[PDB]
Amino acid sequence: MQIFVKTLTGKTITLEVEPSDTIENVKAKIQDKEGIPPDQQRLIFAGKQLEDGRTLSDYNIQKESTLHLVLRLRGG
Amino acid sequence: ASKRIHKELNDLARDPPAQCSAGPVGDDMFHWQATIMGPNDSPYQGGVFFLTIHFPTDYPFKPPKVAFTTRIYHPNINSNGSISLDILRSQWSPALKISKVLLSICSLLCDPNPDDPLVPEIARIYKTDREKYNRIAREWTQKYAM
Amino acid sequence: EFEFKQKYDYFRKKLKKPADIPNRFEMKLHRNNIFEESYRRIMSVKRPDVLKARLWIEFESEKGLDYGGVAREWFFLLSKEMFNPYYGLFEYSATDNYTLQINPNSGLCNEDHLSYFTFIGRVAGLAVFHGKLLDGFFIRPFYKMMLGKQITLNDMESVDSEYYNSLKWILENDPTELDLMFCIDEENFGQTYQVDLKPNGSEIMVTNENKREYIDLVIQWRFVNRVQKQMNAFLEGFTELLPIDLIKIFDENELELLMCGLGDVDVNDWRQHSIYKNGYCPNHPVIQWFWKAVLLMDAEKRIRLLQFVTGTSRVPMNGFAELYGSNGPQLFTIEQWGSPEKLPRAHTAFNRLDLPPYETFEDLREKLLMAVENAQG
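Chains as they are written, first to last, in the entry's author numbering: chain X, 1 to 76; chain A, 2 to 147; chain C, 574 to 950.
Just so you know, the hints here were simulated from the structure itself, not pulled from any lab data. A hint or two may mislead.
[As the list claims (entries may be wrong)] Taking CB as the label site, the calculated pair distances span: (1) A:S94 - C:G641: 29 to 37 Å; (2) C:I817 - X:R72: 38 to 46 Å; (3) A:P17 - X:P37: 57 to 65 Å; (4) A:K144 - C:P913: 30 to 38 Å; (5) C:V797 - X:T9: 34 to 42 Å; (6) C:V797 - X:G47: 48 to 56 Å.
[To be verified] Far from chain A, some chain C residues (derived; all Cβ distances over 12 Å): (7) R585; (8) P595; (9) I743; (10) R877.
[Stated by the list, open to error] DSSO-like mimics (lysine-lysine), calculated; alpha carbons at most 27 Å apart, straight line: (11) A:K101 - C:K741; (12) A:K8 - A:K144; (13) A:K8 - X:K48; (14) C:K636 - C:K589; (15) C:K915 - A:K128; (16) C:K601 - C:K580; (17) X:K63 - X:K29; (18) A:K8 - C:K636.
Backbone N, C-alpha and C fix where the C-beta goes; we use that ideal spot for every residue, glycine too.
Whole structure, please, built from the sequences with the hints as guidance.
Dropping the structure here:
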């Protein structure tokens with residue numbers, strides 16, 4: 001199963017994952033291809049924030065589905 | 002804004018948000034002052050904290066400016082009493098009500114947010130040296146809250 | 574970017590220079606009273622065609638033999654005057670946005686504001702015509718108004734994010750619980766009076782059957798109703814140098830770049846007015862790298878960097894010393910926070926940047942250039 005993670009700049013993150021991976025692990029993988037830590041990540045999919053407590057099956061994130069890399073930087 | 006504020010005001014004396022009480026002081030209806038009692042069994046126990054709810058003429062399309070008056074040692078509230086709380090800025094909705102913004106603040110009090118800090122020094126001391134933090138916060142409450 | 578180039582030159586040439594006009598335009602005035610002097614001069618010309626002449630300016634004060642470089646300066650100097658918030662023809666949209674917009678209450682500041690606007694237009698166009706830039710930037714609606722475009726709820730997002738989102742909510746939900754009424758609130762002399770968006774609006778409620786017509790009256794009011802005369806007087810003059818249609822080929826963004834330029838942030842005035850808290854200071858290793866990182870960016874990365882941190886991509890007319898927080902004067906700040914692994918954070922309300930103690934300049938640069946690019950969400 002292969003997917004694309006698009007950054008707000010353009011550059012895209014193609015990756016390898018099992019349909020049962022907890023979103024939280026898609027971040028652990030993105031944390032080694034970009035160095036961007038997990039707590040500062042937000043993967044939006046078709047206008048929906050894909051939680052960490054779910055998987056790639058819970059949102060039907062199939063082969064080739066593009067999520068997004070919107071950096072949660074602004075502080076609070 | 003007028004009827005909005007007024008009505009939102011009567012609603013306070015309808016279901017007084019537990020642990021706090023905000024209300025307009027003076028006759029100005031755009032300048033209120035609220036109190037928040039340090040949540041229990043939290044280092045801010047015992048003390049009381051004053052705040053300033055200033056409604057801009059753009060309320061409710063623009064969030065109200067809420068700030069701490071009483072000094073407090075917390076990771077998301079600085080020495081000006083500025084509060085880094087998302088509903089006050091980014092996640093504000095014209096539907097949100099003060100009674101909700103107050104409790105939301107009481108929450109931030111007992112269960113701080115060390116990962117989206119406003120005062121780094123404290124955040125760290127709260128993450129690494131937690132017991133230190135409680136010591137201090139407890140001391141500050143004894144100085145400015147009582 | 575690569576395209577804008579085509580459209581620009583194609584645009585430049587489509588413009589034509591009359592024949593029966595001097596080789597240059599005779600302009601000589603004092604720097605310390607440049608506004609009403611340029612005003613009395615341009616606005617007195619009979620044939621508005623002669624201004625298409627070559628720009629020849631001299632100051633009876635700083636007499637230096639350039640007379641061709643003065644052109645660049647005159648524009649830069651007339652702008653700080655025409656677009657000065659405290660003059661009254663234009664004002665800042667927010668206390669922290671620094672983008673100009675027609676002051677609806679301008680007529681009450683200059684008892685003949687219209688003539689002045691016509692002038693600022695007369696000049697504005699004159700700059701586009703001679704490939705020069707004006708200093709300052711206007712809220713999108715200004716540009717749309719030139720382009721003969723409609724102003725919509727959409728256009729408010731750039732001006733006041735939060736106000737846009739709240740209106741949009743009204744648009745997508747039932748607003749009977751908000752207890753709204755057809756009339757916004759105002760201030761002056763600390764006085765707080767109510768104003769109707771339409772007849773007796775003060776009484777009338779915002780239901781789920783009129784909230785459409787409501788949001789309209791609001792946008793209508795915020796950017797149109799009260800400044801149509803001026804914005805019009807402005808175009809009258811702008812079109813005495815250029816065919817207003819010759820310009821419709823560009824879009825709001827291009828039109829802005831066309832006459833107000835890109836506006837690169839002056840890096841030196843900036844470093845010079847920044848404050849460092851929690852460990853950092855002027856010479857600290859990390860702070861020194863930050864600035865070298867800044868130094869290497871191009872015009873875009875900087876403005877991007879500024880926006881990411883202050884919330885606006887613009888800079889106050891009087892420099893970086895006049896920056897504003899959502900609470901008043903607030904100098905660009907840089908605080909130290911986090912492990913070398915984390916990306917830099919920003920608080921747009923206090924124009925503060927939480928920069929982690931990187932170990933290597935390149936390490937810092939890769940993380941900053943990252944937060945900047947892949948940011949604003």
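Right, here's what the structure says about each hint:
{"no.": "1", "hint": "A:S94 - C:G641: 29 to 37 Å", "in the structure": "violated, 56 Å"}
{"no.": "2", "hint": "C:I817 - X:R72: 38 to 46 Å", "in the structure": "holds, 44 Å"}
{"no.": "3", "hint": "A:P17 - X:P37: 57 to 65 Å", "in the structure": "violated, 42 Å"}
{"no.": "4", "hint": "A:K144 - C:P913: 30 to 38 Å", "in the structure": "holds, 36 Å"}
{"no.": "5", "hint": "C:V797 - X:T9: 34 to 42 Å", "in the structure": "holds, 36 Å"}
{"no.": "6", "hint": "C:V797 - X:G47: 48 to 56 Å", "in the structure": "violated, 31 Å"}
{"no.": "7", "hint": "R585", "in the structure": "holds, 43 Å"}
{"no.": "8", "hint": "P595", "in the structure": "holds, 52 Å"}
{"no.": "9", "hint": "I743", "in the structure": "violated, 7 Å"}
{"no.": "10", "hint": "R877", "in the structure": "holds, 19 Å"}
{"no.": "11", "hint": "A:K101 - C:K741", "in the structure": "holds, 21 Å"}
{"no.": "12", "hint": "A:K8 - A:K144", "in the structure": "violated, 36 Å"}
{"no.": "13", "hint": "A:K8 - X:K48", "in the structure": "violated, 35 Å"}
{"no.": "14", "hint": "C:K636 - C:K589", "in the structure": "violated, 32 Å"}
{"no.": "15", "hint": "C:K915 - A:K128", "in the structure": "holds, 16 Å"}
{"no.": "16", "hint": "C:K601 - C:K580", "in the structure": "violated, 34 Å"}
{"no.": "17", "hint": "X:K63 - X:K29", "in the structure": "holds, 17 Å"}
{"no.": "18", "hint": "A:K8 - C:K636", "in the structure": "violated, 66 Å"}
When the structure is compared with the earlier hints, violations turn up for hints 1, 3, 6, 9, 12, 13, 14, 16 and 18 and for no others.
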